[PDB]
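One chain is shown next in structure tokens, namely the form solved without guanosine-5'-diphosphate.
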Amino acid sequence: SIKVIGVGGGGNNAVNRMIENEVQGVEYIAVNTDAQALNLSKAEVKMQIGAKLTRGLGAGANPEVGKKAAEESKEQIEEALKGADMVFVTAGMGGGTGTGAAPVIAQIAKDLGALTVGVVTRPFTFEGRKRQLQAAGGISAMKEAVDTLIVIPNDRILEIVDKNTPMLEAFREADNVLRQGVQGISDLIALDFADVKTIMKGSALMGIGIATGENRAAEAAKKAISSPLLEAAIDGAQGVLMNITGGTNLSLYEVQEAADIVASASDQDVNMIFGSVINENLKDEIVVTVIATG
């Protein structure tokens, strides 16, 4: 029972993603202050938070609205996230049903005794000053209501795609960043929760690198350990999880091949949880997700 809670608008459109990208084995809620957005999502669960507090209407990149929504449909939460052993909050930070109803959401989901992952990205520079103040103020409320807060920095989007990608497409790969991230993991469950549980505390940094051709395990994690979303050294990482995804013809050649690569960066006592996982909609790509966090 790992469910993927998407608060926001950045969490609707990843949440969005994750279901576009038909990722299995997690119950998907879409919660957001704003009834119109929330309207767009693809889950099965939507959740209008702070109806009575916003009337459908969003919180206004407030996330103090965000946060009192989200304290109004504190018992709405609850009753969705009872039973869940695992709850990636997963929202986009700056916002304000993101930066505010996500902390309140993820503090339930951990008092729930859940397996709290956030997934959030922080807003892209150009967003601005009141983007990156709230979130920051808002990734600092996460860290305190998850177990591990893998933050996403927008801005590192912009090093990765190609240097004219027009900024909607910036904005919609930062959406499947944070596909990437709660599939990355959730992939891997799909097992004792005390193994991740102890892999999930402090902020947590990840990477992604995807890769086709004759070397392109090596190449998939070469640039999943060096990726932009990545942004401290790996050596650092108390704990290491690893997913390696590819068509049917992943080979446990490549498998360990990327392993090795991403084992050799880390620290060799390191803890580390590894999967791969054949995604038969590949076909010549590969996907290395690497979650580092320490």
Given for the second form:
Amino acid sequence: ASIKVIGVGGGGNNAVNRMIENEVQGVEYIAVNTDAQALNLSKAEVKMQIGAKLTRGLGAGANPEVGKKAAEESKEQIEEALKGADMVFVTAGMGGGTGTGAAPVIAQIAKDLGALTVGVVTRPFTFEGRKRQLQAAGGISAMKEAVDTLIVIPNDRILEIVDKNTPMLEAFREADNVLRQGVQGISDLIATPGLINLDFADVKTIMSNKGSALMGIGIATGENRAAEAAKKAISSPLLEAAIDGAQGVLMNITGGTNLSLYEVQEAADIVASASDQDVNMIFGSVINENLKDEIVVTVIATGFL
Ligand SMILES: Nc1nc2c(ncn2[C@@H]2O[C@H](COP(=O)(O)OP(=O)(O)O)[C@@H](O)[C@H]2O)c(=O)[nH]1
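Let's compare: the form solved without guanosine-5'-diphosphate is above, so bring in the form solved in complex with guanosine-5'-diphosphate.
And the full complex, kicking off with our chain again.
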């Protein structure tokens, strides 16, 4: 009932902006940064500047230790801001300073308060270099000590989904959108009950990550749109391990007012059949008027090990 999405650092705050622009519902947004100037560019209702003393608003200089210590200075304000949450999503681009460093501390504060804590983060594009990958690897492992499940999106695989010619700015804009899909794919099912009923317990069921959780997405229009979206999702480059390996699968089928009963059963079957015969599968369905001929299938896969 109280669901918070907390964007952490530049990339995380940009994802939260995307979510706000797509008018994702049922969540309260918090933006967090060590850089006061970038924080001023956030559309989140709540704008939290961490490490005022340590950084004087000037950011974390790509250093995870400064992000970590900024969040420790601001420990009590983060506690305050997260008070009363049943569920907390922590999004960030891993590899920089504020995200890598502060997102785990924020995740752990969420968890200590009793919130169901899901992380949705990206691993950096190879083209950002070896130093970024290494800092990201470090933050990813810290993060999964601090959350109930960590969805890790490998940015390289986005290049296999967007066109050959894509400058950086645009590549990073599609990373905002995959982050948004990871959060929304879950939150949409929980914010409002749904025609398929789906409570917190259903979600806690699959919310058990040792191992990085992975996500697949599939979009389609036309007359076989259901099977084509389902198939694309279980086939997404973002899903770096076959879905048949996962202990847990959450499926979200989203469409417009003409999403059909037969399509929901079709997609549910395609995804279930590609999965292990002993899988714990929970799924839901949501209507989004803004979609017309388009359906979106999202699969979140957990418990690979
Ligand atoms: N989703 C998204 N990711 C970004 C963006 N810019 C950079 N990144 C990624 O996020 C990582 C950290 O960047 P940034 O968030 O600016 O660092 P931070 O503010 O110190 O946490 C980078 O290594 C990139 O892979 C962006 O605008 N959107």
